[PDB]
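For this depiction, one protein chain was excluded, whereas all remaining protein chains were kept in their positions.
Going by the order they are written in, the chains are A and B; count residues from 1 in each one.
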Amino acid sequence: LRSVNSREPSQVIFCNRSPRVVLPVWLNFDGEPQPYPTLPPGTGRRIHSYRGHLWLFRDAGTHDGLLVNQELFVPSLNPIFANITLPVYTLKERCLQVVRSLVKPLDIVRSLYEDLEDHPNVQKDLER
Amino acid sequence: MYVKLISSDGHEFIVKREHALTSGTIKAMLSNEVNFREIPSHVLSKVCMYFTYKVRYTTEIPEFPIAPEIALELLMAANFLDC
Partner (left out) sequence: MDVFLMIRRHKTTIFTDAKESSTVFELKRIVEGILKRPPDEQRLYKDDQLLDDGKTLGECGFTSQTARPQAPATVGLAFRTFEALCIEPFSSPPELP
């Protein structure tokens, strides 16, 4: 999973249709994730990218996964609109998100202990 | 077609059959009433709200609200029901 060094400019608008602070992540030519400045909720940003480049987006504070144009965003030939939205989380994952935000890293089963500690992470999703 | 989901404290929630089939655990318990000995009403009502929320949004999608007081119990129920 890497960006194609096409050198063909592609105009892109990062549109945050989510209540989260979106963190854009660019996968460089070696697959390494590169973070870009964050987007407050409901805000947009015109950015300069290239054709064949790879972008994914997360919650800047918790790294929860987000959808762009309903996982990976690849700028194509022209600007292209990147609609970042909340996915329909599972009720379990949604509960884990809320509990994670109220407790620092409980009368719960040992299996759910590891679920709370298995934070969302870009490197883990990249292997997936 | 509707099914009945009974909480631990006796509350009887009547939701659409296809809504309840979202949880694989509930489909096994139906194959039409289900009694939940471990899930109180203030948790099971949120689960049913999630069924409608999931079927409707699966337009911009709003956040599913979870009050902090019910987060831990809803987590255990969601883990058991695998939804």
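As a convention for this text, contacts are C-beta pairs under 8 Å (C-beta built on N, C-alpha and C of every residue); 3 or more make two chains touch, one makes a residue touch a chain.
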{"item": "Option touching the unshown chain, where B:21, B:30 or B:70 are the choices", "value": "B:70"}
{"item": "Positions on subunit B contacted by the hidden chain, ascending", "value": "2, 7, 9-16, 19, 40-42, 45, 48-53, 55-57, 62, 64-65, 67-70, 72-73"}
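Assume only the chains that are shown with their structure count from here on.
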{"item": "Subunit B-facing residues of subunit A, complex", "value": "17, 19, 85-92, 94-96, 98-99, 102, 106-109, 111-112, 115"}
{"item": "Of subunit B, residues touching subunit A in the complex", "value": "47, 50, 53-54, 57-58, 60-64, 66, 68, 71-72, 74-76, 78-79, 81-83"}
